[PDB]
Amino acid sequence: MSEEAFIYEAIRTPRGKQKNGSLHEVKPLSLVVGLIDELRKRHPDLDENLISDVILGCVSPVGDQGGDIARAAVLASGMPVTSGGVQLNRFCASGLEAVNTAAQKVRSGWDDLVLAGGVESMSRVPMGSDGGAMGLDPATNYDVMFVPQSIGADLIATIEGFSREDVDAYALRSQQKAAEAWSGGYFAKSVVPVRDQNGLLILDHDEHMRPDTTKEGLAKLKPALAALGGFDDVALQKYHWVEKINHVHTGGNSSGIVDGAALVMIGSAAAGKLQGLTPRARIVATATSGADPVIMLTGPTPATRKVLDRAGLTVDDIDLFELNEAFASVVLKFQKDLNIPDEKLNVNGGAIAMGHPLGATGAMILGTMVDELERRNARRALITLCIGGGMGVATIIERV
Amino acid sequence: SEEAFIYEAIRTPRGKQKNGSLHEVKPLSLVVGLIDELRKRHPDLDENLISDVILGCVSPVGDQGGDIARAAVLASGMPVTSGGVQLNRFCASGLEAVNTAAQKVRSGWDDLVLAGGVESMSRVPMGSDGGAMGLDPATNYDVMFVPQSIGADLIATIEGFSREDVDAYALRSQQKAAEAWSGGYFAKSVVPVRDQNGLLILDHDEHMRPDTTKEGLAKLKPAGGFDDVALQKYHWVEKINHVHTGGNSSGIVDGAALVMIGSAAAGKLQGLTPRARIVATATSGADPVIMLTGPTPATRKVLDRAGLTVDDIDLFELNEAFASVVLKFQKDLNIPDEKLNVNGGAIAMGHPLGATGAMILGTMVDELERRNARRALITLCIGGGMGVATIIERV
Amino acid sequence: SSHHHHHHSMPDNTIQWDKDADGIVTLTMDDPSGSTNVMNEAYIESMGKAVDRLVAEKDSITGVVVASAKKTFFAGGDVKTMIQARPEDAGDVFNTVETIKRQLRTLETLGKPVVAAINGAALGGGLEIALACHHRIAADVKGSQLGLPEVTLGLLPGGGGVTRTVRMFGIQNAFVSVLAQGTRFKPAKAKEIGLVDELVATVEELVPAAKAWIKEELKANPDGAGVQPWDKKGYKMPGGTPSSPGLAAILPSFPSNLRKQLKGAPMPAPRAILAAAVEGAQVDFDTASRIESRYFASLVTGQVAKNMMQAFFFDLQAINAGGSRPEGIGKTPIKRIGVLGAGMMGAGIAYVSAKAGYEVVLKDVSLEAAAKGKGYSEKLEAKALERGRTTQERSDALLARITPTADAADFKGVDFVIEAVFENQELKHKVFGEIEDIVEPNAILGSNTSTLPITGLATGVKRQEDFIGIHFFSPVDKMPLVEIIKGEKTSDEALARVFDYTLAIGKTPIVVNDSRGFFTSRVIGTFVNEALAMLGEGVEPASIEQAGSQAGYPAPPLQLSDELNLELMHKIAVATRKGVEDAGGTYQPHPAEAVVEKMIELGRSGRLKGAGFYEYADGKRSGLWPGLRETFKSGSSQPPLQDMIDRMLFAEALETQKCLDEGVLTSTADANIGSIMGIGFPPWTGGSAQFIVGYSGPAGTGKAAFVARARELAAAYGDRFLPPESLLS
Ligand SMILES: Oc1ccc(/C=C/c2cc(O)cc(O)c2)cc1
Ligand SMILES: Oc1ccc(/C=C/c2cc(O)cc(O)c2)cc1
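Chains as they are written, first to last, in my numbering: chain A, 62 to 461; chain B, 42 to 436; chain C, 12 to 740.
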């Protein structure tokens, strides 16, 4: 609780779509090595031996993402072999948990300069490829009342009273703000185009964005593992006061299945000054809590409220709110509960437009707020992600 | 600022690979059984104060996939606010979880954290998750991937450790592990595994061969062109002396371990007694073609970070992945022979990858209290050229 | 390691040994302790000696044939022993099934072909013995059945049934089709699904055809002789293993689909069968078998298994053995039956009476309606022709015995009357007066009544000795209970005639003394009234329905109230208030009566009116009435769900104890089976009377815990939950 943790770099790859994606031919290890090579290009005189660890979030650490992909990144990129490399899985907020763990390692004073981020090539390693106890253990599945994300989001919209037009209204809002951010050049210096072993361009934009989205086209989409029956009954067996679940979530108001990776360089003030690094933002506080595991998606609210209380701040003190756009109802509930002003919530669009690379999303939307706090010349931003099982993770950053 | 303390440190018995007693037990059940034992020792523990559960797991696939730490929180009925995160740092996943838990407590943003690991290698063999360094010819052909067993034989070749030398340490590990069990050293920490009816499944480390003799170790045989690959980097070595067998290498077993770590105020708020204090942690490494060399620079890093030397440490606990690794480590730092792995190691009791770091960590917590000794240093040779080290102090 | 029960007077011997000149041993099971080979201590020792002898003489043995000398092959086990298994006896239970499977596993891996000669019923451990063989031949004989129905008793196939069926059909097919519901199969159906390989016309061909298969298998396939598919190098589980990408995509939906089918009821047996199946498919056959033993031991030592074994075994045995029938009465068949009325009840009684081989006359007010009463049988026969259960030759015989008419003279020559026109005493008195003389002189005069006392209805006929209540349930083709109501003037002979008539039409009878509400209607009334009271108290209607479903009921209570018509419930309350204010006492109205009258005032009296607690469109429930929450301010009272669930179960359980105290019922077997099969009391309880002695909650178990929980509900919801003195010390 002594050393302050500072963000020095926060970059990410463009998010390639699932069907006919440009990044499908790129091994997820190469997505991380490309970002490491970009950090070297920006800081050629950085003694990489001072980097004590590389922490990558990955929700499906199997196949191309198995065998500690963080360690493979350290070895393949020619980094100093003493730089460690660890993979962690906290589902959706694995990317931010990696950043938070790196910040906490610097705070303890026992690590000095840490790389953090995530990687998720969902077109190559689909969600669920790793299996899991909940699934291969019917005794556990039957007890915990396992319910997928999409059903919990429909349940949130049913309880809170979010109509099908309400969620599609936010879905259009995300597509519009994401297109305005790209046209304004906001992502020009943080989205690092992916190239092959010859330097040829593979992808330079978030190809999942449908910027010509209209209200009428969103209404023609039909609601979407969850197709296999029983999950509605299991959900309503716990939430017995709810009679019918209004399935409002489609592929146009839910987070997109994409490939991508992100890297955040975190270290102490002494480490940055020794390497000639300008601190961009400061990690003010982090928090971890959760909520019910049958509704699952709700859970960011205690994490946001605890990180605000931990930093001694209120909602009014935060300039920008960045919540992962897993489902429109989750963001609408989060906005409704905390009375978040609309002009401060996901000001550059979210996962509905640009995609949700599970293990890498937490670091992507974190680095998004570092760039937007500077571009707006604002002070504080709060970044949070819901997680399956009800276990949110929130983080407050301050521009420096 | 805040100091991290160890309040509990338990582990399951290690069940062997072939015809193992724990083969029918899901690795999730191994963690839940340890959570229930923590409840038995502190039934009035406010579980809402537990902010995270950090489990190490090297092969998080099948029964161990889907964030097994989160599955343990839900299946055991723990509060849903208690988090749950799986991490994989090869052989150090057990100790990295403990270290991360201590670093989260030091930062002041977590109050009470559970840490440990789980590895059911009989159900999920290592390598079941795949990987790039093995299943990607571009990066495999570049980083010179060599199995850790060949690196251990290469260590014995360079340092001049004979087949008798590594087998001598193997017999020593069997003797000390058997002496610790009969002496009751593991009575409180090894939590027997039972089924859903309460019937006994396993109450001891069944991989141990306590009647080991040096003549029997010599009758063992040493277990894709990796020899040529290793010598291409260590070009001054003509031929590798393959001295490691199944008798002088770590056993493939199933097991799990749990450690409860929190701040001084957290334990005082919940009526807990500190058993030991986490003093320092460190991470470094060396050449990944020889792999198991991270412990030596990481041990020096944790000694300098705590302002201590070898003469200040009472007990040294290095994971017995291979006999040559421990002998190489003992010669480098001039470790006294009566201080090194005093209660036996993985050669006798087994090496359940993701859980070993937390097992040998809790093993030293008990031995410090049993001897009324002060300090102990715990290190594991991570796979791929890394190393973790942790210094604990008795309270 | 041993094939025997203990390593350190002895049991009997139930297996005969015979080795032919070819080296084929024929194990003939013939337990001298009964007419059926069961899996008791005598069998385990007998098979233990025989399996030992197969190994000792393995040089002079080329094949094995497992046959039976009973009418059945092998059926069931020792329920008298399993129902006594305490939780402390989990070690003995685990060791017993491990010994049982150790014998079959040695028989299965003998290096020689083993053929099962299934001459009759092979249920439970019987089919498990056959599954251990390499070839199964069944004699296509009448009455033969094959299946693993231990889930119906709260158990699971612990003798390898779970492990082997999953090895044969995969996780999904073995669970859904065989294990989850304990489905029984005729021999022809068994061969189709893979439970049986061959069929023979008569039982005398079994042992010869078995030895013929051994000889051909030894010559045609000498390498893989006596080797199961899961003991070969390249075995591939059908549908894949839990690690297969195709099965791992649908595997997480199996527990949710099961939790959907059971509606959240606390029935642990199907949950354990699925766990043992999936966990077993991840390991070798022997490790899978041991996991099967542990899940079996967790069920036998549990309470639900004891509730179901008490109800569906012991309680059903006593009823079917004439427990409530008078002791010394003779039997007299009936020629023709007369069903008065062609409603959903009268038409239903006409179908089940004809399907057992009895001529029926269906008299109604008009021939237009009597024809549509017989149409109930036509629409159930057309549903049996497209599905293929009955043939065309058989279906014509059923509908022929139904003679729909509107003339009262067609009842000439009827020795069994079953009236079902309407709940009105002066109507039944008039309807019976029009028919009591045209029928036979010694005819049974039955009446399908729900509440009107039989003694009062008998004052409208002459020979009251043959007047009795025969209460059926809608729909009659499905509901298996017949509530025989003994009027004050009914003779003991009339009880037996209706008793044997109930067994002749394939239904389960209970004998009930005359009382307002009898047993079924009176107890089920406390069930719907407790839910209506909850609605008036402000509890969410969706929670009330979920509470009824998670309790184990087949239909939620508000849904059932619409089908029972709230006008009838108001009608009963007026009658109950009439029998109290006239006897000299003050009436204590049930709090649900205020909700009944409110729904009547709003014109929503039930599904009959087309509007009740649910809305109706196209003749089907269209959801809960949106105005229902506004009418009763739903949500203002949010009790825990377990409090709602217990309030319904305890109301019926306490009302059943009153019926046993007043003399309405004479045995707990009638109370349990009558509540289960009559009003749909959840089977996991084992009956409304078993629910008391077998209660299990957070406070404890047993009758003492039931009283404590009843007093807990009484102090927080009303004095109606106070237990009678019969349950108090
Ligand atoms: O309604 C009923 C429900 C269940 C049963 C039990 C049937 C049965 C018969 C056997 O030979 C073995 C067995 O394990 C079960 C009977 C009637
Ligand atoms: O399908 C099956 C169903 C039940 C059983 C158990 C039989 C049994 C017999 C005993 O004498 C004692 C006992 O504890 C159990 C075996 C197979």
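Any given hint might turn out to be false.
[Stated by the list, open to error] Dumping the calculated SDA-like pairs for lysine to any residue here, alpha-carbon to alpha-carbon at most 25 Å:
#, chain 1, residue 1, chain 2, residue 2
1, A, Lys299, C, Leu327
2, C, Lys81, C, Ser71
3, C, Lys274, A, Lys80
4, A, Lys80, C, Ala259
5, A, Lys299, C, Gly638
No lab work stands behind these hints: they were computed from the structure.
Hints, one by one, checked against the model:
With a C-alpha separation of about 35 Å, the suggested pair A/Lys299 and C/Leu327 falls outside the 25 Å cut-off, and the hint is violated. Between the alpha carbons of C/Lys81 and C/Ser71 the distance comes to roughly 28 Å, so the proposed pair goes past 25 Å and is violated. For the hint linking C/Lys274 to A/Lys80, the alpha-carbon distance of about 38 Å lies beyond 25 Å, and the restraint is violated. This hinted pair checks out: A/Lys80 and C/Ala259 have alpha carbons roughly 22 Å apart, not beyond 25 Å.
A distance of roughly 24 Å separates the Cα atoms of A/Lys299 and C/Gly638; the hinted pair therefore holds under the 25 Å criterion.
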